[PDB]
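What follows is one chain in structure tokens, specifically the form deposited without acetyl coenzyme *A (ACO).
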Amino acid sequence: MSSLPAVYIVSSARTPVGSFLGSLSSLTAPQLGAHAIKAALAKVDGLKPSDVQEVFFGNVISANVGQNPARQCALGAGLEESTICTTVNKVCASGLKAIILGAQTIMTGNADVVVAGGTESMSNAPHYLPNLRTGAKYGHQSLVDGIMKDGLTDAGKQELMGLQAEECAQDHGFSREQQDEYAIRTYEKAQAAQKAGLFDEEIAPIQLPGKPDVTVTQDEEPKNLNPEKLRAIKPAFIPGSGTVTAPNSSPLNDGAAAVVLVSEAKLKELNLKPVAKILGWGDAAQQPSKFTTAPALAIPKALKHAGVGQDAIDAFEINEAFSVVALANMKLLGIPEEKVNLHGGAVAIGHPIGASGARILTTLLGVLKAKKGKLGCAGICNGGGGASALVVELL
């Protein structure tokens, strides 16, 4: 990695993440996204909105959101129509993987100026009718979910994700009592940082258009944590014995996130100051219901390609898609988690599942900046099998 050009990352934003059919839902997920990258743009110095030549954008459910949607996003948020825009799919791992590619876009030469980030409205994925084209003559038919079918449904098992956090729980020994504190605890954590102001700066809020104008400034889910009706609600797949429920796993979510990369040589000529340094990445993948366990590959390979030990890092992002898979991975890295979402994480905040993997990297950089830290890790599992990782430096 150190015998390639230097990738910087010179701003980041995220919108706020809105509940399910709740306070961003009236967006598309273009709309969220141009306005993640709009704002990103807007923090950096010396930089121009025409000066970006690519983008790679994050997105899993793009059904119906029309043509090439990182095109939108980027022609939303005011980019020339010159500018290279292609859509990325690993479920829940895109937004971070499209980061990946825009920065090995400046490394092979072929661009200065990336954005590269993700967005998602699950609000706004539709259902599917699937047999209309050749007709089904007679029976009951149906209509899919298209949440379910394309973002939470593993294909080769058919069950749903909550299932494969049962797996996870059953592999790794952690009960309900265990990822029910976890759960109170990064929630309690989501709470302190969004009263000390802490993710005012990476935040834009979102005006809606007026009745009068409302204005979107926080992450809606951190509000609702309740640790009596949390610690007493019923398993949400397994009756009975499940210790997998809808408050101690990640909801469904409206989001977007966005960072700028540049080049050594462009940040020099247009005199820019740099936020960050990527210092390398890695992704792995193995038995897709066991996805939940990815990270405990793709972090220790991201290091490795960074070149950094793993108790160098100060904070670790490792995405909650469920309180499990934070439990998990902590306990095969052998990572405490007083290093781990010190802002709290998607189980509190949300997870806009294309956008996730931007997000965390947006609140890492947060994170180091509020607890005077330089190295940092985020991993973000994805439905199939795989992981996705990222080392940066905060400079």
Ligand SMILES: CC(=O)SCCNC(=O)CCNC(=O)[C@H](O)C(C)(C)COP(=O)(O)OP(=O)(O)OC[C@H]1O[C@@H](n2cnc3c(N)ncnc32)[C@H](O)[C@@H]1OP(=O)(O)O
The other form holds:
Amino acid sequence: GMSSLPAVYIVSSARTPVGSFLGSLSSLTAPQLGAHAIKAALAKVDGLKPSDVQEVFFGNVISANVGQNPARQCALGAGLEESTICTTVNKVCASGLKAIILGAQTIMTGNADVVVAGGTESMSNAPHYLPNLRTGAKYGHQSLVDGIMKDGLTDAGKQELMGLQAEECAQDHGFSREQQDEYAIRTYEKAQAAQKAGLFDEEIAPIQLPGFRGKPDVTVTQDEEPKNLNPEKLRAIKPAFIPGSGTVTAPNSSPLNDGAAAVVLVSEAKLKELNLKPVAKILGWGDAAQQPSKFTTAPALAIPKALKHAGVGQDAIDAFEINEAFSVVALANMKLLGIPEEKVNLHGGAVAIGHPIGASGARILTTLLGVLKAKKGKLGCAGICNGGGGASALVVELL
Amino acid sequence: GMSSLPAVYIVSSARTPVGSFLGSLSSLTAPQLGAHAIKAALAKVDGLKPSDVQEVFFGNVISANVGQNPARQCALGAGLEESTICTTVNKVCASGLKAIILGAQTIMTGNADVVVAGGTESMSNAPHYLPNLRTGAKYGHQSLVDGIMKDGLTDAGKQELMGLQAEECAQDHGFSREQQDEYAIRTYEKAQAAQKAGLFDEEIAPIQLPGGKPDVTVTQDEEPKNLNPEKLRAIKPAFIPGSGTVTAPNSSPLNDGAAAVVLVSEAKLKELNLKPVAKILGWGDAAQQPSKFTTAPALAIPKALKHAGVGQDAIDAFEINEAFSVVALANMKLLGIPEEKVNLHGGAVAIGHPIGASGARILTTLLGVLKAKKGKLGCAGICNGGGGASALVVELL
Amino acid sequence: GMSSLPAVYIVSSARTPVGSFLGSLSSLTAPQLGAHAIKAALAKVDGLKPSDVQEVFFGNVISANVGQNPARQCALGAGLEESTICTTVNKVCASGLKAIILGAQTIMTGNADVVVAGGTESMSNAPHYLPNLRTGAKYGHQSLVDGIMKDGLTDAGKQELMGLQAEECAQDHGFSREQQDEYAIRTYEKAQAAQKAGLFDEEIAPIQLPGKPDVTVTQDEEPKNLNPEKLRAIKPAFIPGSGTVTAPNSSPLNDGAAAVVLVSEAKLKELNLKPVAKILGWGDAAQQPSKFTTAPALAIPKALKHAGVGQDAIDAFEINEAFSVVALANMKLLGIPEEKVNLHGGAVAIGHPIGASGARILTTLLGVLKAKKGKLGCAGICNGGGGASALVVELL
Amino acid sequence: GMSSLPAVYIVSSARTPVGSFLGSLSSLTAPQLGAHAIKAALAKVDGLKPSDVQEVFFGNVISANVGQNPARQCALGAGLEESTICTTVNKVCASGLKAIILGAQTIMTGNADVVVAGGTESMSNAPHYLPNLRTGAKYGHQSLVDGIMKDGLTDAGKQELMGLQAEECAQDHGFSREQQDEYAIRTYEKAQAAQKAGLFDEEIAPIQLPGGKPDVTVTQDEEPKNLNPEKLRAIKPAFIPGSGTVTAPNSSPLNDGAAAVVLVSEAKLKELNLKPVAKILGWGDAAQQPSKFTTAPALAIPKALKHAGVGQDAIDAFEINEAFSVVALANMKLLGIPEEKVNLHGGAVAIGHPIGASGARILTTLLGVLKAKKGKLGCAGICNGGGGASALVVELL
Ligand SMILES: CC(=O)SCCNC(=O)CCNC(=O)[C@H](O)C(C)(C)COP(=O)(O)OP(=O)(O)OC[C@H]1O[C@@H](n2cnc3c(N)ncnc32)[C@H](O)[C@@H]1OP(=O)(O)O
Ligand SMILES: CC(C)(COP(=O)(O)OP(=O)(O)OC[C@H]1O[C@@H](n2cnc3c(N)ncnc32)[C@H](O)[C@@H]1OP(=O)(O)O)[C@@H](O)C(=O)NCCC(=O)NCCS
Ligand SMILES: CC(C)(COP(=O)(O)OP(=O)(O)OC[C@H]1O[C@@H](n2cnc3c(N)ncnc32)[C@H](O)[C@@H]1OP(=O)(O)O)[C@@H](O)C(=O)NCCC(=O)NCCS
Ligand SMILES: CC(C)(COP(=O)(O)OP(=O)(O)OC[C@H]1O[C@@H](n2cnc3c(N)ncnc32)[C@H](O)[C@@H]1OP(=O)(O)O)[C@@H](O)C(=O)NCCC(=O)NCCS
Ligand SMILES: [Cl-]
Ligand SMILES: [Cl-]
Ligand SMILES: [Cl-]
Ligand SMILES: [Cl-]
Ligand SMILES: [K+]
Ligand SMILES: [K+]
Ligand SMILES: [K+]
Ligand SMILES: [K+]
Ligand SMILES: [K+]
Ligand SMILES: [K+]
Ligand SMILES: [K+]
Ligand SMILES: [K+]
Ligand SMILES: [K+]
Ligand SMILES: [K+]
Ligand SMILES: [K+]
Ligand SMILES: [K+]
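Alongside the form deposited without acetyl coenzyme *A (ACO) that was just displayed, please also present the structure of the form solved in complex with acetyl coenzyme *A (ACO).
Everything in the complex follows now, all chains and molecules, and the chain you saw is the first one.
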């Protein structure tokens, strides 16, 4: 259903390394990470200046203490002009991909010719909340609310952590502790393999952290999590969400993480005016939702909807990015859609790379473009579930 | 601009009363206020069921402790289906209007036929933050950050409150304390006049609060009755001691509230034979230096008029959001818009400013002004911290 | 065995009004209340200058955010000389009486001739704690600890509120909810009758809160709250459904301070002071922590034996009412008839500023002795953790 | 003097290692440290059982979050009977010594024959405070108060940290940065020499910390090893930038630790045929202007000596607590006490200053100094914030 509308081209993309929780990038705020990703993306487009960017959509979930309009801070921090229109987007884990859809639509309705879209998250710098200080609590202990748990990882209706709802997925779709563990080992191995072959080198923009008080500078170059794989330890670890007989574990779940990613989108007209070389074309997209506790399999709706919107058959896709909120999320959506694992997350997924929730929808699209390049594919599809019951998906053609 | 693209119709709108800070609505969360507006807006459309809504865009600025995806909680709380696509939008004070823009665009690209959009804010329930508990602070007094100040009212680059940058507006454009106060008095008078004549009755959906106390219905905006002109002219300034021109009476307050609009495509309007209230003619976002956000509407409003193919003179009524009295004064001066065409039922200085909601709140009020004043063409413009503004042009049908 | 040691004389006493939680006195800090009672107590001794006070012992339980040495701030706030030796004492609810014992001992060992002792508590201004901020806590909800609950009202071992162990007392010694309610009503009425008769007027030093208009606080805030039928119908407070302990038949949370002025035999003679009373003896005792409620049944006999005074020769007792059941159980255990217990009401009706109550009941006891024309009094007060303190006095 | 009061004997003492701030003992609470010291001190008395202890006085300054009656928790944690009378004492840094004085007095008035006294502090586990949650604060950032700073280290009248009032001491009595620095190096050298010679082995009760982690034993004080004379003389001042003379290396640190003594009457000493370690000869408290607390020992020490019937020249060893290097220098100047008789095994600048315990810690160390150096008469003095000091004189038997 998109072919009757103006075309939207990706002319570049970039991402930070993904840092572990309280880890390599924990000194940087979410706008600093997003600015880094936006600046790096634009630096790759010869013939396009940062001052050409008219509008920004940037995902961010746990915005507490980030300050006014995280997307605007990202844009100005990146060196974009003060004239740039900036909107922050929250569709929990789908934020980064919905931001890109919104950027594409803004080109399609004629209101921009150059848009930067993506997402950022600093889970390390998510604060705690004191909820009752204005009116007071006269007597009794109080709770300091962990903002990650409250605004990122707990389903609002059932007050269940995403991890507990992944257990519901395992039960609904018949995936044992062992199948999830072997999936996680495989995705770590793919991430380590791509890392070692240099296959993330182009998409990653290393971060230089200036030393303080004479201390040496630090360059963060690679994702922090992939090296953590220890197969023997992973198979023996205790469950994370259901004691004893739980199947979901910290090793086979996505971690908490810091990172950002950005894509640069241009209209057909701007591509011709500036004689730009496009990397990919956006073919279509789809959002879908169902029962909140079944958010884990919402991609099974979004992906067919995105393929239909793009006019592409599922069998024509050369590579899928199915975001690994949990290992069981990938396994269940592959099962429901009949997609073989050999076509899914070819450079590993968020279980091994990390899951900065506001950035991951854009992070996986950046990685998808690198997969299509390295594996000489043409058609890709990215899908990512989000807490609350939804998912977003997008189809790209590598040019 | 927009005339080459599919039409988008507003088939209804609704808003909560605007409650004062820690006031009439402080017991309700932002999604409870949002659900209330959404539900009330859909109840007005004869022939459209809540299950027909496909997608929601809802503004919300200070989202700390609201929980996962405020917009999704608004939608589910309103009785929408679990299949509904929900996104929360933050463009600070322009959030509720940008949400409506994104909703219109989603109809225009063919991805939805029925969209609900608007915004909500519970400033009363914004928490305080403890920023460094994960890594620890070994020794020394720490600080608890007020979420309203940090994420709502402080410009990130300068670390200045909006009211301090409103003083910049008064100096840049030469508006005295007296000019700002008399503006504020006039907009309170217009709000009180509209209240007494029942002109907000249609747009407001009253809220029923279960009582240890009797049961309370909140039917009115809480702020308009506070006008005391003698006290207003005598009060000390709020942001610069001694020489300041900006005061709490001539500034917008902190407030709680939500507002929603229902958007449909041309095909859906015809399939269901729905009666549209208005048509969206065009919109425009603009931005400039962050500390000059006060006059970004002087950019966004011409841009939206150009997108709509409408001349500024053909507009029958404007809503220029009153972040501060000086904001309305400065944009009227720069654009050459007479005050006789501006905020005809009062603005946010008198009505309240729940920041994530106000962009949609002013559009709901504009539709009422157009009907009451027998206007056809309306334009709403709202500035936002960080240097931005958003504006929207509508035609009353 | 005090008859062979130096005699200790009470030449005066004074207390603040006792304010309700977050109530009449909640704008004052604990040292501000303490300073008020100290200065007022000294104002009644003609011929004793505040600069004559050599040493201070002052009780205080929830000292968090009060600042360095609450007792020293009380002394300096009251106008005492910077040469004054100042120690803060925490024996939970017994702090104000143990402080008086320690002051009397410092007279007896010859290290001072003029001592001020007593207690203060501002439960209103007790803070909340954030315990793991130094090392940090990486992921998960944390707790803000109510300092009243943590440092004042919870037994350290069993980790249970005092009210829950008051339920133990009701069970162990067999006192129904009805009996506890009937005792609460009797002590409220006595407090109201002493109040209406002006019998608290001399011991209370009214507090002036400057504004816009000034506010004078003259009376205890709690006694008036009595509502017999509402009291008899309220749900329990520590065990839902079957509980016998309620907020109306328990002590409240309160703010207040109290002070007494002690001198030696020699100083009394030197400046020709008129003593109000003489300390005859004291006793501290302790037993099982959850049984703290009947620890005064050990400390009251110990104090009487130390004073060389029989239990039946006592004209009035102050048995502190941590809960109504505490007074009933100690009356039952010691064979004390209620007719000579808390004749102007007790903490259930007057309030329980925990660091001050040990001195508050002694000041009230001295007033009961004058009004009822008695000579011998004994004050006993239990404290969380399992202990109790008691003191025997003779009205001169 | 105390010649007219009954005799009070010390039959044993013991202390924990002194751990650094957030250091080797940071996992232990104040009552766990106190109970450890009490239990070890009683273990040294052959013929006295723990069930024989009748009353405890225990110092503790920053008692926030420690729970009801820290002294009672120390006593029960040590295995004392539930019949033990327990009182917690706060005279700031003098707490541990005022506690011993009160325990002696309770023996002297006949109310006990066996008393345990001392003090404890876990500065590592002092919390932060939220001061106005009960009443609320409607709008604006709030402050968390560090309990160490508020309840341990700030003069209440002037709101000055102790280290700032230490500079006053340096200016009042004319001690330069260099003199304070050379003093600190000397006391670190003395602490290290005592350590290596095992002179602390008797007084210290090592602490066993369980780990599937391997178990760790803390046997030494953590601070003495930190001496770096080069860094010390070049470090920047800690309380007055630029011109200041007081530094972190020449000040006492923040620390954890506890210490205890066991006291008996003459009758109980005879009944049980106990060999006493020492006899308490006298004591004295004194106080002056709060900001001049650094020199309050110069009143308390002569007062204690007069109470004990001992001339100053008769004393074989003094413990003058090193709240700061300048504090020991000033008191040696005022009293004419040569340094050759002061803190012979080092002081709190090198050993640590767990403030609620230091008053008892220096008496434990003093008894070791008297034995090691063939002395008979010793005097400990310790100042406290607020203007006070406490001092006590003992005879080694
Ligand atoms: C909206 C959406 O997208 S839905 C999903 C959104 N995101 C989420 O829900 C986040 C899910 N993940 C989480 O909540 C957190 O990462 C948690 C709770 C699972 C982590 O729990 P933790 O116990 O703190 O994880 P942790 O990193 O400490 O690992 C625990 C153990 O597993 C070990 N381990 C971790 N990863 C591996 C690995 N690949 N291989 C072997 N061992 C591993 C660790 O070494 C550790 O062992 P140890 O502590 O005994 O030394
Ligand atoms: C301005 C602000 C700080 C209010 O501060 P405040 O001191 O708490 O304001 P108050 O409501 O207490 O009003 C103060 C006084 O003015 C009086 N007052 C308020 N409105 C009045 C009116 N219309 N007429 C006469 N008097 C009025 C009040 O009665 C009060 O009197 P008092 O001192 O005797 O109590 C706060 O509302 C604010 O920050 N507004 C800006 C919000 C914002 O920036 N939004 C984003 C914009 S881009
Ligand atoms: C027991 C305790 C938790 C009370 O909690 P609380 O319910 O908040 O106390 P309140 O004053 O609010 O009482 C609540 C109700 O009781 C009523 N009430 C209280 N005292 C009353 C009285 N004398 N007569 C009639 N009604 C009374 C109140 O009117 C109120 O009614 P409401 O439900 O309409 O509000 C608290 O006061 C406490 O812990 N006291 C013990 C203190 C202590 O342990 N000290 C140390 C002992 S060792
Ligand atoms: C003085 C005080 C503020 C310490 O400040 P601090 O800077 O946080 O402590 P530090 O350990 O970091 O010391 C600062 C520097 O001096 C170094 N240092 C400490 N002891 C040293 C020593 N003996 N030799 C050489 N260097 C030393 C430290 O290694 C550190 O060096 P760095 O800058 O390279 O890290 C704190 O300990 C204090 O307030 N003490 C007074 C306690 C008190 O008042 N008690 C009551 C008295 S009445
Ligand atoms: Cl959703
Ligand atoms: Cl902006
Ligand atoms: Cl006890
Ligand atoms: Cl003092
Ligand atoms: K470029
Ligand atoms: K690169
Ligand atoms: K993992
Ligand atoms: K309807
Ligand atoms: K209506
Ligand atoms: K106003
Ligand atoms: K007098
Ligand atoms: K009086
Ligand atoms: K009561
Ligand atoms: K023994
Ligand atoms: K030893
Ligand atoms: K030091």
